[PDB]
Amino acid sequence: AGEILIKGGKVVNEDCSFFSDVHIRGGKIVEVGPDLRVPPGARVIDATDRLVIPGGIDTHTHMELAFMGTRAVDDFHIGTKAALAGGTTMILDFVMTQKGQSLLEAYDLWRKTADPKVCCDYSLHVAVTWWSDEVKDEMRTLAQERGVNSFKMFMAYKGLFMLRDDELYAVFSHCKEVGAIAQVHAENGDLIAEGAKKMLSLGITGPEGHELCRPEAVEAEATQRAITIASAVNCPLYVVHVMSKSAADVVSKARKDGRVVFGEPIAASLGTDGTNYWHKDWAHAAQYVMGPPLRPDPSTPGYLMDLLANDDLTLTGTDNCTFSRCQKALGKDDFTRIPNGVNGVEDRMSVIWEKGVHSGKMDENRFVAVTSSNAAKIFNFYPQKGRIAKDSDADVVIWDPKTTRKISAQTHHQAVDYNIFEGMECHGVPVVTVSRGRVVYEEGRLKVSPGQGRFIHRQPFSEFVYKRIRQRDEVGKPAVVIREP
């Protein structure tokens, strides 16, 4: 078995908080209630003065992705260990299928690479980077048989991943047909391409060139465009890594307007800003380069946190895609060659608690919502995860909201040799992490093996996502006016 009894703490779910013990057996929470009995042999974790919360679910990772030709240094093994140490018990990673390549083969390739290495549970989104009868069939197979209800499309990366409006329309339509959610990288790829070419010709080769060639308008525009196409075919839409105030306002307006869309800010865009691209030290500046870029407006992260609190934005990931200082350096003479991506998987939970809860922007319950419950709802395994209740998976974190910890590349568990949150003092510390009913992290120490985590197979037509979509198919059909010829 391994039986665990978490005693003395306060359970925090999305809807409310209450004092209770949590009894874990065989991978599951089998009971929640006051003063539970300790069965002989069960380990007691003492949660007196702690919050007992669902482990974090990182909706957005790229572990060991080969990109910009090189591969991210946090791999499935180290990345998941780092997640665990930061209070995160599941990651959802993106299968980056290449143009013309089979989606199934790319899927197979990701499972073979991750299955023997994950230390926590995980699941996969699949990128749709080209279109054809074959892609259409493979998307159906993926949604019905391979446990994947999320497909990722790119409006940027011209020549590489980009799809045009007419292909987005076709792809979005077929997502709706197989009951998947459509995820979008929302930047105008034509403007990025022209922007970068122009920055280079002006001799602006540094990281400030990366942000200047694709300011937030270029994100906001594609965000609106994606919502418009999706709304036209009644397909549910998910906007990954919202980085800017204007793009977040597009999503906030579309939702007030009843559009079925979700916005996902990330740790990076909630915890720091793009003024770093202007840093005198090239290496420092290049640490922050990712697409879309962090924004030079200092009010951005606080504004994004306010919208996250208010549910204009709904859940969080990290877009963790790390490259060491010596890999970033591939672009020392040309910012278009800096491999894009920052850290976050480990620090997301503390970063959000410090910037969101300690600051008085959201309460502990909205915190649980935006770090696990909503991910589980949208990707279709709630309340299996994202909730502390009988029958749920025992992915649980004992959380100390009153103590602080400073984030540093010197004490973090990620492979990358720097940290975009370097120096930040955060209230909220994961003191014990439980994953699949086992104590994988306690007293600063990890105790877990590569392969201990499991792939989570999901069904299509997530209810949280589809109930309005289906009712609209029923009563929102356009009608003819009846006329003599």
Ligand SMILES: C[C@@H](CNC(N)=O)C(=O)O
Contents of the next structure:
4 protein chains.
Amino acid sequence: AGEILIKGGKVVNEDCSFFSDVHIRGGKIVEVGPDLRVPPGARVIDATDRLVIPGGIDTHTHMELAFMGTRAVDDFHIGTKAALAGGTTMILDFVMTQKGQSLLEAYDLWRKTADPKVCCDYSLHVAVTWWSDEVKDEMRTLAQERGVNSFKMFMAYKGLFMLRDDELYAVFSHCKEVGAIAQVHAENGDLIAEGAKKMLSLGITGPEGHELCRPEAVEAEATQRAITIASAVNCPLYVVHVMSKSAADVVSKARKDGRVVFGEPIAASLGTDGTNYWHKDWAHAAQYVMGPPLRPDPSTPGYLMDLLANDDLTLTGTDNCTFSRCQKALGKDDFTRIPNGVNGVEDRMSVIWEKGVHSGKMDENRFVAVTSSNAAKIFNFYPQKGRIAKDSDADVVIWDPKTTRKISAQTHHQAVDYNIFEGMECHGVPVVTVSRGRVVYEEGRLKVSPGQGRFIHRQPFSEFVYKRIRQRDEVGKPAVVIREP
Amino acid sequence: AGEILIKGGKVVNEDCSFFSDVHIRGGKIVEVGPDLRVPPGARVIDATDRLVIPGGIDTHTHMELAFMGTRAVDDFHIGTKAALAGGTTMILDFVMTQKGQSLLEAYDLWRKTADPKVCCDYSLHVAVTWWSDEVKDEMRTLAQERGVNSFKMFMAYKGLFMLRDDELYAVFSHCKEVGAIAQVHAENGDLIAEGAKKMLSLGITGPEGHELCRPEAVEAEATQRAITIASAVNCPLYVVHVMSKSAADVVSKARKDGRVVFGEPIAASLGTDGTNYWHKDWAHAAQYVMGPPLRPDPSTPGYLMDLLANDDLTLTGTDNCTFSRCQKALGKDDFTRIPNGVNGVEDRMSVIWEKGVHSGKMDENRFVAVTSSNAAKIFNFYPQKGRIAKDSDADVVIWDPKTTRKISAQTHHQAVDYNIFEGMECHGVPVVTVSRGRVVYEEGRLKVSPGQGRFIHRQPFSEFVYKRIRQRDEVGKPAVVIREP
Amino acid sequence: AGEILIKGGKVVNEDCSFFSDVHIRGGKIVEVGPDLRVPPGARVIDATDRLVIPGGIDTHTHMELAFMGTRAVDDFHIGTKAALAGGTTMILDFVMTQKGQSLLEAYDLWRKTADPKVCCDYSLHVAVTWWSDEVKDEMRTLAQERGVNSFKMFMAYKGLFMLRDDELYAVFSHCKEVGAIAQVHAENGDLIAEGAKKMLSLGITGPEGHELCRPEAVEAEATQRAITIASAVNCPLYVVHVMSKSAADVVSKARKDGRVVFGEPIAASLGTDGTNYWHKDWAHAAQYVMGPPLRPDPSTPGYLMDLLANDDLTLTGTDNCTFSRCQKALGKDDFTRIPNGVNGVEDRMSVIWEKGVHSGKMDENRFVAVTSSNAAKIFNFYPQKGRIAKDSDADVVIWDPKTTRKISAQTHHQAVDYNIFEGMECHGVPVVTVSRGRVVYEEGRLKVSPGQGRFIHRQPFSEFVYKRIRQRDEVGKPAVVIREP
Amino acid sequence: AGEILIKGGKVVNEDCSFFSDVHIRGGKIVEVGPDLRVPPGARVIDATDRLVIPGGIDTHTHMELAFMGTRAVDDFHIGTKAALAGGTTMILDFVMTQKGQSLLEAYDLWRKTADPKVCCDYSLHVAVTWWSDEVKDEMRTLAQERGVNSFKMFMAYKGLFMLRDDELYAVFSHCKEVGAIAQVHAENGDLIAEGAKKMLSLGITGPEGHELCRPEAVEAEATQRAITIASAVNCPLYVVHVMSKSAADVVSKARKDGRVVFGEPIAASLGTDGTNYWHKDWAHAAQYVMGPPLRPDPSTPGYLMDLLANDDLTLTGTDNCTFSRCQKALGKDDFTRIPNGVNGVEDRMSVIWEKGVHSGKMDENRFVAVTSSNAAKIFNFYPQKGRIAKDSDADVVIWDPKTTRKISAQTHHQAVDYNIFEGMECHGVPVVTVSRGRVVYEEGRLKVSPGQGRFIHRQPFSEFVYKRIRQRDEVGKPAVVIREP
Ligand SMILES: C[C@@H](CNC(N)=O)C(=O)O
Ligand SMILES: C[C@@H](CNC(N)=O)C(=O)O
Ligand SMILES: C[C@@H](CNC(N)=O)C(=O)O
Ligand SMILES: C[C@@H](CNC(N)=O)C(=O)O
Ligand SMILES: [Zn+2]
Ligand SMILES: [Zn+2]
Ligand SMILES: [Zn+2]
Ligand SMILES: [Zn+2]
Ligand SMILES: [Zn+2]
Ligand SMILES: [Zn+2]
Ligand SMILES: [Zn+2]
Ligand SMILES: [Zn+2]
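Let's compare: the form deposited without this ligand is above, so bring in the form deposited with this ligand bound.
First the chain shown before, then all remaining chains and molecules of the complex.
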């Protein structure tokens, strides 16, 4: 089996923290309590002066994605290893179906690519990048038989992934029918397309042109529009990579107004800012280029962290989609050709601890909710993951909140040859990572094999996402007025 | 010439009020001052205990518009007479060009229809309901040679007038090029189209279905999106008929954030509410049907009036587009077929005085700004109209703020056979209306002939609308960062 | 011992819901799991088609309080019985120390009064109604030795309980020193005092005068001021009975801005409104009189419920402080003499279920958080109460969410002879209440004895309230700038 | 008489701009029109390529005020000269009555000090720093016979000027009775007093301690509280020197909600920020010390300017209260002893033009409203000043908007030996200043004598401030409900 007893630490769940040992047997947590016996043969991890937390769940990755004429350098193998070294024990990666391509074929191609390579557990969202009867059927199959309750739609990427309002209305309606959550990349793709054209014509070909062609208003607008279409059909919505104060405030206002919408800032938008696009060194500026862009208002990451603490924003991913320096160089003369994407899978947990807990913005329990539990609740496997409790999966991180580590591309485990968080000194270090009941990272070294992680099959109609939707279907039906003809 | 001396009243301009007489000769105000001599032959209007104000300018009319299978019943003749009887001395009506139709032909057809019928002065906005090189040229001709500096675009009316984001971007860009303001009907036409389809399928065929298929979120969304596209191209924007709290707050927030946008609530949204669509009497409910709909939150008209007082909203029109009871009946089985449009041209001034000044929300001077002066400033003929001052046009109303009048279809001068403000007791009565230097309304009787009013030709680049736009063009150009290759 | 097995229900905690039976032995939940064995002698409660939830914790009561010249009619005995019949298993009542009176004496007097009468568990907050060295010491004693980590201060009740800003600053500073939370009744007592004087002078002596003398601005102002003083000293704050949209928005904004403040709406402000004060029947209007008053904007209770769902507001109490019809009549000629206080202890759970869960505003799990768990977290006994889990106290309610019950003073168990929620039909009925491991309410009948409940002694420095405060003390210290003299 | 013809410029009023010459005779503008004749003997000022604007009116000065143990160095003579050189032709200075001192004596002492020294026109506000029957009477005398319709109250300066809520309620009530506007210095004086005590105890004795002891929350709170008390008594309110985003947003929200409140940012808060208090050079940091402090958020002055453009904030003063370097040094060991006050009288017009008009935030006409016209409207002498029009006072500035000037203490005309705007390059230069019909500043040289300016006596009940107040008194009276006993 492999038995492990994590002894002497303080367990930290989303609700409260308490001292207790944790007994792991066979992939599962089988007991949580004080002073547990060490069974003969079991390995003891000494978690004295440490916190024992559910492993991080990164809701947003693109490992080895073919995009913008090249392929991301962190692949399923290296990317999941880097996750583990950074205290993340699950990733959820996007099946990026091409326009006119079968969603089932694209799903199968992702499972074939990832199944033999992942080092930690994972699951998949599926992008719906076009619409038709076939797509409709395949979404039902994916939700009922293939383990997927999240579909990803794009309002940006005109010509490539974009859907118009009438198509989003149909797609969101069908999400609600199959019990799936609708995820959206919310930027106005017409404004992006025109904006870029204008920045190029004015000779602004560098990364500053990338931010200036699609400033935060462009993200805030599409975010409000997605919310409005989703509310019209009573479909739950998930806005991925919220990058700006104004888009975050759209989400904040919609939630206060009782709309079923969740917002996901990412490690990049919580840990750094878009002033980097104006850096004199082209390579440096290019490293940060992603859609939607990081924003040049320096108060952004702190504000996003305050809203993450207060649950205006609810959980975190990384949008890990990495391109090395020579790949980013594809766009040296033309920002539109810089492959979009930044790093974060490995450093998300330390960045959020330093910028959110050490700073006093959120407590350790809210940290667990926004790095693991809420993802498990929304994507429908809580408390199987996201909670240190008997019968839960043994994906556990032993965490030192007092020690710092400096993030550097010289010491990171990602494939990419630079790091958007270079030089950041973070409190909060993953000292030991356990995945599926096995020690896969300890004493700064990984011990794991490609294919050791498993795909997690979820069911639709996640209760955290749907119980309000369903009650509103039952009491919120519009009524005719009764009238003489 | 016709000489008139208005004696003993208190003149009320947008800036301040003061006692003085007003001498009118030849269509113009030629002196303003205390104790003026009555020249032999001049008529004295005794304005003791009255206010002397610029005549109302209704920014938003559709006299005799062919629409939804019939033609509005208030035409240029009757509609302008009704305006005069209600203290409004100018209307600005929309040339509703059809898809694929020449803007110049449609403009000519409106001038031929209106020139021999109007009883008061008027001008025209031109709708841009499709896009092409021809449309581009014709907009330049209209702005430079035909007197028109306002173009009207629709985000609603899918299949009929609607433009997509990329077309709005081009159209707004060209507005800015020709020095015109971009007006928008801001509702999401895809959501309207789907929403109506859904209300019909559920058997909600009455007017309540019309409001429910396009609730205020649908107006607020498109309003934010228009603002965002206009801000992207630095084009000034004018949101016509703001009908809801949430859309008004979008405009309010954009202005505070320094966007060049103006919002226009109408008499309907300031004077009544959408609870009427739920009335047991179908005919009654149908009377209120227009796009965007009046809203069922009863706090709406008061809130819109508070924002009009505070200049979150800046000026007022009526969207006068009237259909008698037997025309509204076209939609007795299907709300989508009810011709959209309500009354207001005649009652706008009294409604706004009662709901805004008598209530203590705004003072008499702000009343003048939101009923005449701001319209003259935005559409580019201030202080020719909108101000009691020497050399200004003699379009003047003698106003009794203490007496009430009850609005009723039994006593109104509009062609329509009902009135959305039926029974409202309003303080503030137009006792005498002067248009082009002639008494056209007094002792409750009109004295005016069809064709007596003139088309007002405006120039582009109105300073109130463009001086900030032009300065931002000069200091707000994006700059490249200077970098080694 | 008394053993109980609650079988066949769905357990509902703040985090998730799941089918399982619950085994109670000796006052405690000793097992939670599927298909549990019934031990010989144990009573089975059949919870098929029911939810099994932690009993409600009412954070805010005033049982038998001597106030405004009389004494509340629901006393510790009747009041706790009524709580039980309504699915509430703990109350937290205010020790209302008089000006210049020893806090220790007042605490002792409350424990002597309540200990032999309560039918359910309870604890106490202590009011700090004056300040001095003695009060300082006694607060430390109360926090460290008497079980109390909450102190209540008043900005209203000039002459009676009010404290000025400089006294609030000192009191809040000392709360933070002893690890207590500062609770505040937030209305401007100078404006109340003047306002009432003015309403009386104008002959408005009825209950409408009570609301009009202290409209919502008066509550919103003091709420912002308390937040600002508490933030200045880094003391955690708890705003009790939030009664208005504007005060709730103050709390909402402060939380988004990362201030450690919690807001507590009560059953009255979630279930009805202040239009009642304008009722033609004086007695009826008087029934609703409390400070701060219910508000005449009908959108209030729904808005408060939306903010409770979204965690702008965090938990609920009742401010139960009841006066029968003949006691309310003390103020028949003068609203200032109407004893302030309404009912709610019994009906809070059904009111919140009907207005919050059945309406689709919050789900069953958020219902548990805002009726029990958050109170246990803030006042420092979670998960001892507020959670169905092994080792937790057996205070458990078997809840039917589908059946309705009509609230009426004819059928309620409170001592008061009317009910502010008279006639309300609520979904969600407590079918069986278990307190301390005993069935105390079932088949509509109570089975409990005075003194059967126990006082719950808490420790200071509740982690849910203090872990951010303490981290901010460690990294948020102001620093001198280093300068040459 | 002295006759002047200002020829060839563009006149800029609050409403619009137009080319015309301006004929000045005898202290007054006697004609405005194109191509005016030069009468023999008249001086022509050639205003080709210049704007002709009403002279600036600085609503907020403290010339030669004895304060904090010394006396401001810019006195009535030097201060008014410096005003003139900077295109400001009127100041309104505060009679700072001491606690227990007669308001009439203090007023007389100011008139005796200023009358023989001012070089431009001026008027006075009177501080009400204590309350009693005498103060009540003297306020009536001041409003009806001494020319003063503005009274200044302080919520800060505990022990020195502070008034409590109940005193503010009485004072504001009596302001409304005498037709005066209530001005407030809005910071919580208890929090200031405690905060300073705490910063000193922690060894933070430098200017950073001054900002940190009273951060923007402290200003925002008192600002909301003043608004709430003023709204309770229907008294018009004027918040002087709005220094922070959060206080400005309080004012913004109150106006949108229809409260009669005006907000006045000053040149300091529009032109620089509080990061200066952290400067390594003590003297430099001390230069900026005033109450309320400048704020360390760098986005502050731009935000205040956006709200000034949008009329959330309405007009501008300087709070000119200058102390030279050796006077500021009184507090070298203890920030509480640094005499509070900064410069601005001379540079206000250029700072606001550069930061507001050249930047594209407001147009030239809004510049006139926020630098002259609105002050004349609120303090009750419009259009006597604040407007280029026939019969108005000839206080006129010939303004070059295209040329820049660098502000420096080396070239300024103020008595103070440094300048908070040192080094700022501003577009917009006053080339010629005319005061009372005389050229007092031209070719960089002043030509004016002490005592040449006059005190301007105003009447109470300014219409811009009172017409809404009075209508609300007439329709907004609370009504009793009619009930059987
Ligand atoms: C495909 C993808 C990758 N990169 C990026 N967005 O910048 C995403 O849009 O989220
Ligand atoms: C055409 C027109 C007419 N009617 C209406 N909108 O309801 C308008 O949309 O403004
Ligand atoms: C004493 C008490 C009772 N009644 C009331 N407030 O109306 C409270 O203020 O909360
Ligand atoms: C007295 C005066 C002077 N200085 C200052 N406030 O910093 C004022 O408070 O406005
Ligand atoms: Zn994306
Ligand atoms: Zn992505
Ligand atoms: Zn329209
Ligand atoms: Zn229209
Ligand atoms: Zn209270
Ligand atoms: Zn209470
Ligand atoms: Zn001050
Ligand atoms: Zn001052």
